[PDB]
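There are 4 protein chains.
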Amino acid sequence: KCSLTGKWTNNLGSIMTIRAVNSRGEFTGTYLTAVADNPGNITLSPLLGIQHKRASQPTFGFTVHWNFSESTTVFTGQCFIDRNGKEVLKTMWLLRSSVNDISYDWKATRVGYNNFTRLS
Amino acid sequence: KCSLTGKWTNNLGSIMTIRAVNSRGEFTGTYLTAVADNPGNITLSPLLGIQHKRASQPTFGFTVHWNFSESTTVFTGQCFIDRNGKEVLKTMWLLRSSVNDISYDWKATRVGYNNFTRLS
Amino acid sequence: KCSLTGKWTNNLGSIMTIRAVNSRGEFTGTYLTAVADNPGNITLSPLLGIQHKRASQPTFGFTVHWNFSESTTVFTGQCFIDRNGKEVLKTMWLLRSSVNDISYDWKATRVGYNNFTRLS
Amino acid sequence: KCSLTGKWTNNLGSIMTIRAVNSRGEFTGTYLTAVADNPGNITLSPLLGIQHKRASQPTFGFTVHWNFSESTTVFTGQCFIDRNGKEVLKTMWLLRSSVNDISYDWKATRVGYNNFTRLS
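Chains as they are written, first to last, in full-length UniProt numbering: chain A, 27 to 146; chain B, 27 to 146; chain C, 27 to 146; chain D, 27 to 146.
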């Protein structure tokens, strides 16, 4: 079975740490991003999400509230287990920027992907 | 200031209730989707997210753990308030399906938009 | 049958003209966006795409080469016709910006939606 | 300078062949996908797109009209050149399925990524 609890890094070098997953599948953690709009401002930021519980290869989502900007990112994906027992999180994300008013809303959402593997 | 707490409907007729937002911007709620892969199966599903606290028009994200499928959706967006105090949540979402293994990962993520307005 | 040829406006006030669709479903046109990173720079920009030919409500895609920036947008969607013969193009888009090298690739893609209706 | 003319493969094993890029940046070609909704039906399919011309690392987009389904895919991205002169296309895509009517439109768009390198 795949539990998101533990430390993970992604293909861009970001690191996240996820705490205990409760019986609802909820989890909290922290996220240290390797990249940002203004990288000189990067600080460790909180995340909160939910994974499925029964499935051996659960889907999940989480939100990262960046502590150094007005933006928010959400990730969703699935945890896969190899024939050798290795775990990979395949994710896609949306990064929402803050804009001044609704006339700028069209430009406020970036999309991307990330693969994560366990630190140790 | 644009608040997320309350009852919302979107342009597809889905409804959600968001409970009290804590000092860290964290919130829970319940989502009733009007649309699904198998609409006869739809049941109420929990959501968990984070908004920014200081901003008058905060960005936010949340995860919906569907209680009737193996899928997960994440939403991110911004709460806008117009001249008359009317709120709109402008959101984009990713809907993650469960696939059998990593070779099917390519097909697992749907994308879309939703605009939410306050019920009553 | 839902036709793409003609003049269209979207929910943001952008307009486009699509010319004759050939036997392979290929079409050209001109796009005038109402919105840009630098709106004072906006000029008419060419589009080139393909639709399906047999379908009454075809899917399609097209590329807009912005003539005033280094960016490119792609749109994909479907042409729907209601009971009264009114057409709507339901689309999603990706807007690709130019970045300096691959280490910035993560931030280069915006996503959104647009609904188009026929002018006159 | 980066010209899309030539043969490319992506990280999933798909292959595409792009013909001459004209002075407008337009190009045609073919695309043999490694994966599909119904892979037993896969046939070689046409593509049509536009790249930027002046830039050494141009952005671009193209549409693939699948010849074996009612779907359409669009790709957009950028061609990067290494310090060693190696070229990579970094892309994201939207895959549009045909649905019966507008009430199903919400579920019709998948999103993903692909990296391409030259065949030879």
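Do not take every clue at face value.
[As the list claims (entries may be wrong)] Pairs of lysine-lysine residues, derived as DSS-like cross-links and limited to a Cα-Cα distance of at most 30 Å, are as follows:
1) D:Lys133 to C:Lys116
2) A:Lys79 to D:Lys133
3) A:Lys33 to A:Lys112
4) B:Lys133 to C:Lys33
[As the list claims (entries may be wrong)] Simulated restraints, written as ranges between beta carbons of each label pair:
5) B:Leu38 to C:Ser146: 39 to 49 Å
6) C:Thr56 to D:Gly32: 27 to 37 Å
7) D:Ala81 to B:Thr31: 21 to 31 Å
Simulated from the structure, these hints should not be mistaken for lab results. In this text, a Cβ means the ideal position worked out from N, Cα and C, and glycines have one as well.
- Query: Tell me, which hint numbers fail for this structure?
  - Reply: 4, 5, 7
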